[PDB]
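*Asks:* The chain contents come next:
There are 4 protein chains.
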Amino acid sequence: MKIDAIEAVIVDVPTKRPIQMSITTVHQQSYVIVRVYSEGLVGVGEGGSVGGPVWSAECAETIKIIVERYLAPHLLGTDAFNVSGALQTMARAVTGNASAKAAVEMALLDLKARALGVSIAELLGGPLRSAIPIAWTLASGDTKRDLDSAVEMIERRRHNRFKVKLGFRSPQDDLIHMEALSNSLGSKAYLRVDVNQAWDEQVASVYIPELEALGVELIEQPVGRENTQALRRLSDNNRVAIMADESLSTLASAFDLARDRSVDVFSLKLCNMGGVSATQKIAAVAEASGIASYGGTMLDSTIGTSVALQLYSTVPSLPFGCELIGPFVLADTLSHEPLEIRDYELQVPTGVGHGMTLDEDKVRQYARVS
Amino acid sequence: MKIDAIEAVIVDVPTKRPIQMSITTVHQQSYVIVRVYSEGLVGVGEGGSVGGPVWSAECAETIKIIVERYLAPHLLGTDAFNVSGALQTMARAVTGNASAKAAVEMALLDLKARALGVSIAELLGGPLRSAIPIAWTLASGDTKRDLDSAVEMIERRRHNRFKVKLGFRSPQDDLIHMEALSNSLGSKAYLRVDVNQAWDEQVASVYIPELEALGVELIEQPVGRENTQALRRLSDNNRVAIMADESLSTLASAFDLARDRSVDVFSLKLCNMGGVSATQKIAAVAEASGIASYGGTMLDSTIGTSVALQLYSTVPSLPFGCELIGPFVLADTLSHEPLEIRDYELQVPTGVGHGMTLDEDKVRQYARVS
Amino acid sequence: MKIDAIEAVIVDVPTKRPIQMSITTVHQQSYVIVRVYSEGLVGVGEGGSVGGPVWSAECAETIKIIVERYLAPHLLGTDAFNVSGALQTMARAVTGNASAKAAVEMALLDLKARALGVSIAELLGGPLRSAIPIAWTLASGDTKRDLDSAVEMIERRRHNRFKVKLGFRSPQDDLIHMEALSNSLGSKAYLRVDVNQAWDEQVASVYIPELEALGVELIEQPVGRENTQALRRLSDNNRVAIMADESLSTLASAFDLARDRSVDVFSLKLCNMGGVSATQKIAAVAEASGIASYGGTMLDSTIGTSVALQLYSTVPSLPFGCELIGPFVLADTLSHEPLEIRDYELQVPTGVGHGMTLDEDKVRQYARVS
Amino acid sequence: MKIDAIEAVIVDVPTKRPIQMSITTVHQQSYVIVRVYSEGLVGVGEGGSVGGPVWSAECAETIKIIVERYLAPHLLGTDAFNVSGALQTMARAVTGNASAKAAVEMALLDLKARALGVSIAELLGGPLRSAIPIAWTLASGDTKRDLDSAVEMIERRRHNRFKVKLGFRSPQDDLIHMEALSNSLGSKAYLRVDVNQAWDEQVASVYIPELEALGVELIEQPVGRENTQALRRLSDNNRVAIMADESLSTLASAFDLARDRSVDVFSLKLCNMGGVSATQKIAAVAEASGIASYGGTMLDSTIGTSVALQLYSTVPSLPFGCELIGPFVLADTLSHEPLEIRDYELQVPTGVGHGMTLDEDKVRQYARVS
Ligand SMILES: [Cl-]
Ligand SMILES: [Cl-]
Ligand SMILES: [Cl-]
Ligand SMILES: [Cl-]
Ligand SMILES: [Mn+2]
Ligand SMILES: [Mn+2]
Ligand SMILES: [Mn+2]
Ligand SMILES: [Mn+2]
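Protein chains in written order, with our numbering: chain A, 1 to 370; chain B, 1001 to 1370; chain C, 2001 to 2370; chain D, 3001 to 3370.
One should not assume that every hint holds.
Straight-line alpha carbon distances no greater than 25 Å define the calculated SDA-like cross-link-like pairs of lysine to any residue that follow [to be verified]:
1) C/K2002 <-> D/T3350
2) D/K3002 <-> C/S2130
3) D/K3144 <-> D/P3014
4) D/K3188 <-> D/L3214
5) B/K1144 <-> B/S1130
6) C/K2188 <-> C/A2213
7) D/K3016 <-> D/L3147
8) B/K1362 <-> B/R1035
9) C/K2002 <-> D/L3128
10) B/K1362 <-> B/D1012
11) D/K3188 <-> B/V1203
12) B/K1163 <-> C/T2095
13) D/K3188 <-> B/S1170
14) D/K3163 <-> B/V1203
15) A/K2 <-> B/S1140
16) B/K1002 <-> A/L116
17) D/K3002 <-> C/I2065
18) D/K3362 <-> D/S3335
19) C/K2163 <-> C/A2115
20) C/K2002 <-> D/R3129
21) A/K64 <-> A/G51
22) B/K1362 <-> B/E1068
23) D/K3064 <-> D/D3004
24) A/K2 <-> B/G1351
25) B/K1002 <-> A/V348
26) B/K1002 <-> A/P316
27) A/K64 <-> A/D332
28) A/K163 <-> C/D2200
29) B/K1002 <-> A/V352
30) A/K144 <-> A/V329
One side of the interface only, derived from the structure: several residues of chain B facing chain A at Cβ under 7 Å [what the hints assert, rightly or not]:
31) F1081
32) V1083
33) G1125
34) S1289
No lab work stands behind these hints: they were computed from the structure.
In this text, a Cβ means the ideal position worked out from N, Cα and C, and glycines have one as well.
Between the sequences and the hints, there should be enough to build the whole structure, so can you do that?
*Replies:* Here it is, written out as structure tokens:
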């Protein structure tokens, strides 16, 4: 359909409330929406990082220039209906910068899907599920605060699973916070943790069993991202399911973790993996090796959460559901359509190509680099 | 689009000339074309085996009943535009019978692609290549015969690569046949062999280096299909590229071979792997592990060769090309359209959904079980 | 003795009561009895599958054609007293289809044994035992129902061991069903489970220890058939005895599991292994590696149960007994002779060649393909 | 048939010419024929060792007492048609002494076969071959002598393969003897060596490749019997086929060598393995692992060579033939029937149960302990 022009703008949307992790506190969330105009029909997509260049090596300002100045040129005037070539071309243009690469991928995928009148889900082969159990993260520094916000979410019938962010406290203090949360939300809720790399193997070995004894069903990224050998030993010595998040990056790293089953669950993240096409391949090596598939997020807006939803509904199985709470933690949206949770599950949209139209008005209100 | 009815018929088409392998001689080639009618628009696909229940555990008669009596029922009245569910449903219906499962998959994939006006290639994400270097197999029992047929194919500018079928002779006699073929077709042609499991490791160890010294670039399935450990030792002790064909079956077996690099190249075969969707996953574990991808055939007709072509054009790289000579060895076609080779390469079709319309007249002429 | 003709017919016999497994519910049981006539004396044998093409890739209709159309031809007019050649010949005729191959094997083995006036047991070298402890399976969906049927079997003095079929329930619900069965039948009965591949390693790792703590002595096929690497990790991390059932197939797969002791017990199944001759070899690699031997069934009729009995009595040791309840769950027999249980043990027959004469009258009553 | 009495006598038969090995020179060959009388029909079998207690830990005098005083008692009055029990009973009576255990096994197997009118071959399931390529061993100390005896054997059309006994010379002198034998008998004959454990790994590593370059197709037991780890390294570093002879003993040692393919070929020896029943199991673990099967001898008389022949004809494949030259090197026989070679192959007998009747007259002439 020949790409006329690929434009991109940065937009900063604040979080209703902070999200204190081990690596950074999320007071605001920056993005990069990529509008790929072609033959009259546009294609929206987005790419961004957490805590700037902290969760990953990318950030809002790096995403923009890598897109505009390095990917965009080689993509202008190219067949818009050829994602195979778009991705190949993007790999010969820049190294890494998966968020930037994924941002552009979404747009071409969205546009092509809309031109055919189908949805990203129907394009990938149709769904298998109409809704995926969403998890809620309790990352505020207060224990009482957490519990209260947690009890209400079970009442409002939207969140049955919980993801506690440990790490900012001492290994001995986080365990106590878990004795409290596990005590109250005992059987009424599911519990998971995400140490955000804070634990140094030894601390992980003595503390993982304790959390295991408290009924925690999944421990995400206990040790550092590169210590994939520790990630394995912990996995063989503990019955708990250990998920890889920061360690996952490229298709090769996915296979590297899957050889000796260094991990139990792969956390699928489009921006951390290079798009939808890249994620599917990792979900393929995970299925072959027998590793479960999750469904993470970079606390991305609706534009992202929607595309990721489309793709996750096509996965054979997500034994742990997902955590697409991006729009729900954000203080505002950049589209006219909202994603609605119904009975602890996030419902899959009913439109063509991630059924979300960018709110030009909402795009104009924030638009800062930061 | 709601599946009205899924019909299937058996058709026996002879080979212009025999294809003597290590396991069987191919005098004729039996098939099973599956016409899935839905909302007025049909969807053609096919599934079959080599030498009956010899290359695989399946055969023409087993494919028909497993399709009609076991897969078809659960698929009638189902959303025709949902391959994700179709495959899932087929896995909960029958075990194995990948040719039968792949036959039906093709049809739904074809139909859906035609309803959208795109091609199977554009559906999977668009091509990366417009033609793939086709290989010619020299499986006749005569050495002089082989060489003559080989020289003409280089002259007619259609076949630059050659696949000699060894195995029916003694290990000492096949080597001589290779001293002759390698001598004449020295630099004007590429040489590959396919022992069809005939060699018992030890014979493979002493004979593979000899063939290696004769300039043979690829040795397909030297040992038995199950002796995946021998397949590995041969691979570490020889520089030649060793390809797995019979050993490849399920996504799990693909990963099993990819862990310690038991093989150099994976031979992609839709009927042996369960369709297009299944093949893509194996092509994913191969890419992650770093194993090259080939592109085999079960000497299937145009209906098959066309779908496989659509999919192979989407693969990032096929360092050894393909061997889609199905229509070219066959004595007749079952469609109005022919696939044409141009300059040693098989060209990718220009229509919607494997651009091939079944010749009802040609379907009627053969139609025997055999 | 020169084989005159090998005939085969399909017969459908219902189950007194359903047998709900993880993969399918058994309301009826289809078979394929192979009558090999030769020099006046016949030889009966049988081959069939569970849930059609679900437990294995074979089913009633596939068994018949593979037998009649592919094995039978090459066997007609051949020396009936040469099983060595019969099997070799069958391997060069078709690939896989072990149930079909085993059906024919039984018949030639039976006939040859009858012509010598000895029994299959005496032919294989004489027995070591006169009876083997039979296990009873509790596969009905009701917990109370199970327990009641279980208590009566201990009273009637026929069943001391029990095999609970888990899988159709949630991992959390099956454990409860085991808290009940283990509670009542505590010391008066032996307990074993068969997850039928339902558990995905991680679920198996947390749940196997729980069942272990409930006194369950054997856990059959926890994970999928192909995930033989998970089967190993579970084995090293748990004291419970883990048995392989679906993973076992060919002699090669048997050795593959025996290398690093991926399993504790091999489940011997004639139809799943290719006959009596094939089973003996697997029982040989199991003895050498130090893996225990079981003695399974495909809920086959008397014809099968009898031949399997003959062979199991020759095995050096069966630490877990067998589960030849085929005739006992069936609603009728196809022979004049019945197999009788006496004091928790299934007794070995007292005739020549599986001492069972097909009831032509009973063969005529069912005979449908289904 | 109830064993009345099991008798055994020692008989010393000289070798026409000496057989100088690395461990001992064979000027004479001692035996132990075991006549098991039962219900009027006798059953002949034999057991013995090479160089007395040198090849193995057994010898003529040890075989007799272990038989008479330890196995015989528990076997008297037992069901003669129950080899399963006979072997089991023998294992609970004495430890090791496989030659003694095998001697008795042959007799019961022979008797049972004769009572049924079939042959040991037909009993085991019928043959697959009517003759097995016999190998001739050149063990005399003279090089010229060897070559002459070798040339005549090719002329008389009886021996195409040759087994040179190395070891008694220096590693540098044996190689020369091979430059001579390989030179003359170049293409007219097959060459194999048997170092009889003389080489100390390092010497084996430098010298095996040299012999390999001389066209030697098989190198039997290069290093010591216990250094099964050296046996493996040599195997991975050399294309030549390495056979295990002295290292093979029990079913467990067979599997131990088959795990990591420490050897290429297993040498089957009834006396070294505990009989026919034991040999079959080793031939089972060899088939599963993919190791080739040979067919050795302890230079045993006709009684032995005949039983071994019966069993080898039932093996799926013997890629290297056998070396049953026992009767042919001996200076006389202990039976009325002779085994005849016809066209480089040793023919399988045509009688019931090893078709050989002990020559009472010939038994009386030698009968010394020695
Ligand atoms: Cl995160
Ligand atoms: Cl092929
Ligand atoms: Cl079962
Ligand atoms: Cl020897
Ligand atoms: Mn995380
Ligand atoms: Mn092939
Ligand atoms: Mn089972
Ligand atoms: Mn030797």
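*Asks:* Run every hint past the structure and note whether it holds.
*Replies:* Hint check:
Of the supplied pair hints, the one linking C/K2002 and D/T3350 holds, its CA atoms being roughly 19 Å apart against a limit of 25 Å. The hinted pair formed by D/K3002 and C/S2130 meets the criterion: a straight-line CA distance of about 18 Å does not exceed 25 Å. Between D/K3144 and D/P3014, the direct Cα distance comes to roughly 24 Å. Compliance with the 25 Å bound is thereby established for this hinted pair. The straight-line distance between the Cα atoms of D/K3188 and D/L3214 is roughly 14 Å, inside the 25 Å bound, and the hint therefore holds.
A threshold of 25 Å between alpha carbons decides the hint, and for B/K1144 with B/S1130 the separation of about 34 Å lies outside it, so the pair is violated. A C-alpha spacing of about 17 Å is found between C/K2188 and C/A2213, which places the hinted pair at or below 25 Å, so the restraint holds. A C-alpha spacing of about 18 Å is found between D/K3016 and D/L3147, which places the hinted pair at or below 25 Å, so the restraint holds. A distance of roughly 14 Å separates the Cα atoms of B/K1362 and B/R1035; the hinted pair therefore holds under the 25 Å criterion.
For the given pair, C/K2002 sits about 16 Å from D/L3128 by alpha-carbon distance, which is consistent with the 25 Å threshold. About 11 Å separates the Cα atoms of B/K1362 and B/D1012, which keeps this hinted pair within 25 Å; it holds. A hinted pair counts as satisfied when its Cα atoms are at most 25 Å apart, and D/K3188 with B/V1203 qualifies at roughly 20 Å. Annotation: proposed proximity of B/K1163 to C/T2095 holds, straight-line Cα distance about 24 Å (limit 25 Å).
Restraint check for D/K3188 and B/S1170: the C-alpha separation of about 17 Å stays at or below 25 Å, so the hint holds. Only pairs whose Cα atoms come within 25 Å are accepted, and D/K3163 paired with B/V1203 is accepted, the gap being roughly 20 Å. The straight-line distance between the Cα atoms of A/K2 and B/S1140 is roughly 49 Å, outside the 25 Å bound, and the hint therefore fails. With a C-alpha separation of about 19 Å, the suggested pair B/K1002 and A/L116 falls inside the 25 Å cut-off, and the hint holds.
At roughly 47 Å between alpha-carbon atoms, D/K3002 and C/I2065 are farther apart than 25 Å, so this suggested pair is violated. A C-alpha spacing of about 7 Å is found between D/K3362 and D/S3335, which places the hinted pair at or below 25 Å, so the restraint holds. A threshold of 25 Å between alpha carbons decides the hint, and for C/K2163 with C/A2115 the separation of about 38 Å lies outside it, so the pair is violated. A threshold of 25 Å between alpha carbons decides the hint, and for C/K2002 with D/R3129 the separation of about 18 Å falls inside it, so the pair holds.
The hinted pair formed by A/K64 and A/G51 meets the criterion: a straight-line CA distance of about 16 Å does not exceed 25 Å. Proximity of B/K1362 to B/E1068 is assessed by CA-CA distance (about 22 Å); at most 25 Å being required, the pair is judged to hold. Distance restraint check for D/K3064 and D/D3004: the Cα-Cα separation of roughly 19 Å lies within the 25 Å cut-off, and the hinted pair is therefore satisfied. The suggested pairing of A/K2 with B/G1351 holds, with an alpha-carbon distance near 20 Å, which does not exceed 25 Å.
Proximity of B/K1002 to A/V348 is assessed by CA-CA distance (about 21 Å); at most 25 Å being required, the pair is judged to hold. For the given pair, B/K1002 sits about 22 Å from A/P316 by alpha-carbon distance, which is consistent with the 25 Å threshold. Between A/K64 and A/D332 the alpha-carbon distance is near 22 Å, which keeps this suggested pair within the 25 Å criterion. Only pairs whose Cα atoms come within 25 Å are accepted, and A/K163 paired with C/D2200 is accepted, the gap being roughly 22 Å.
About 20 Å separates the Cα atoms of B/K1002 and A/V352, which keeps this hinted pair within 25 Å; it holds. The straight-line distance between the Cα atoms of A/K144 and A/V329 is roughly 19 Å, inside the 25 Å bound, and the hint therefore holds. Annotation: B/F1081 was flagged as interfacial toward chain A, and the flag holds, the nearest CB pair being 6 Å apart, inside 7 Å. Look at B/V1083: its Cβ gets to within about 4 Å of chain A, closer than 7 Å, so that hint holds up.
Satisfaction of the interface hint for B/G1125 is found here, the shortest Cβ-Cβ separation to chain A being roughly 4 Å, below the 7 Å cut-off. For B/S1289, the suggested interface contact is upheld, since its CB lies about 6 Å from the closest CB of chain A, less than 7 Å.
Comparing the model with each earlier hint shows violations of hints 5, 15, 17, 19; every other hint is respected.
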